[PDB]
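Below you'll find only one chain, the form deposited without ligand URA, shown as structure tokens.
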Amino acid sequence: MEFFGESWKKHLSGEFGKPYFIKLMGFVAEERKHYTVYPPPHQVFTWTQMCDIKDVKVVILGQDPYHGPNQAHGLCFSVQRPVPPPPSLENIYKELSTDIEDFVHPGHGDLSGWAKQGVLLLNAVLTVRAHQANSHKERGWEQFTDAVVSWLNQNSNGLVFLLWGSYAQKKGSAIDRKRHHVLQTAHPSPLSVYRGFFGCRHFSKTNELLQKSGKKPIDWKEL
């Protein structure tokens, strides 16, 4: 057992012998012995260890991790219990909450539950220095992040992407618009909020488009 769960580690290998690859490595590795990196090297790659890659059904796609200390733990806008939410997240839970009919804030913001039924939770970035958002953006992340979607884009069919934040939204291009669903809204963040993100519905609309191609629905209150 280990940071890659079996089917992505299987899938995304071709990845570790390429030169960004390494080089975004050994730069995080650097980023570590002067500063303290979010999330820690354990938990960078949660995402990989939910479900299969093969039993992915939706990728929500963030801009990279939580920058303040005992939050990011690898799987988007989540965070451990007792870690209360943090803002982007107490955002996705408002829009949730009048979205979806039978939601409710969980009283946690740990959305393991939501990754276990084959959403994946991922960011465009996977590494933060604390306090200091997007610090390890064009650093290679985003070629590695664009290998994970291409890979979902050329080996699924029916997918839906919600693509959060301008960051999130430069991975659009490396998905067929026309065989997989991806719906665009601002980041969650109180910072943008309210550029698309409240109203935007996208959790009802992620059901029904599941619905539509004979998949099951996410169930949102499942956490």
The other form holds:
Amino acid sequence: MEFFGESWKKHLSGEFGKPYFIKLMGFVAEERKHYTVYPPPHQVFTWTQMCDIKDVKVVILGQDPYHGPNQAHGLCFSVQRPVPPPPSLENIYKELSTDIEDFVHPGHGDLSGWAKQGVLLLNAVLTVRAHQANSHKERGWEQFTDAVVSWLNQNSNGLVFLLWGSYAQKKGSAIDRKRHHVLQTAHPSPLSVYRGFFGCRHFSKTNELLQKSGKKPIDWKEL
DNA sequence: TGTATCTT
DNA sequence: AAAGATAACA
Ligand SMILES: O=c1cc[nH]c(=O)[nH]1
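Next up, the form deposited with ligand URA bound. The previous block was the form deposited without ligand URA.
In what comes next, the whole complex appears, and the chain from above leads the way.
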């Protein structure tokens, strides 16, 4: 057992020996020697430990991890107990409450329950320097996460990609819009939420598009 | 202070 | 690229 889930390591292995990835890991390690980097080393790839790669039905793509202490744990927008849901997640829960009739605030912020159902909780960038949002962008993470999205685009059919925010939206051109469903809206952060996130209804829409492809819907309350 | 996105 | 401007709030 390790950082990468079995199936994900098998299909993403070709990236490890590539110059951009070797250099990206070197940079992250060098940042960790001078600064505090989120999430810790063992939780950078938690998004690979929740379900098998070919069991992925939905993909929620965010910007980068949370930049405050004990927040980011490798699943986009998630926080493990007893850490309270950060501003972005409180907004996600509010949208979920107006979108899904049965959804109520779960009293915690751990999104592992969605991830176990086949919802890939990925960020365009997988690490961040403490207190500095998007500090690790354009260092190599985008090419790695492009490889993840590309693999899913090529080897699967009828996936629902939820691209939240400008940076997450850059991956739109890596997805075949006729073979997969791409839903795009503003980032749930208070600084952008009013630009389309509130009222986007991505959760009910995902479940409707899944049932049209003959797949089982996501129980958003299973947390 | 702190939690995006468009403009210059 | 990076910083200013804009923008919404317990
Ligand atoms: O994981 C996270 C947290 C905040 N914002 C994101 O885009 N992703």
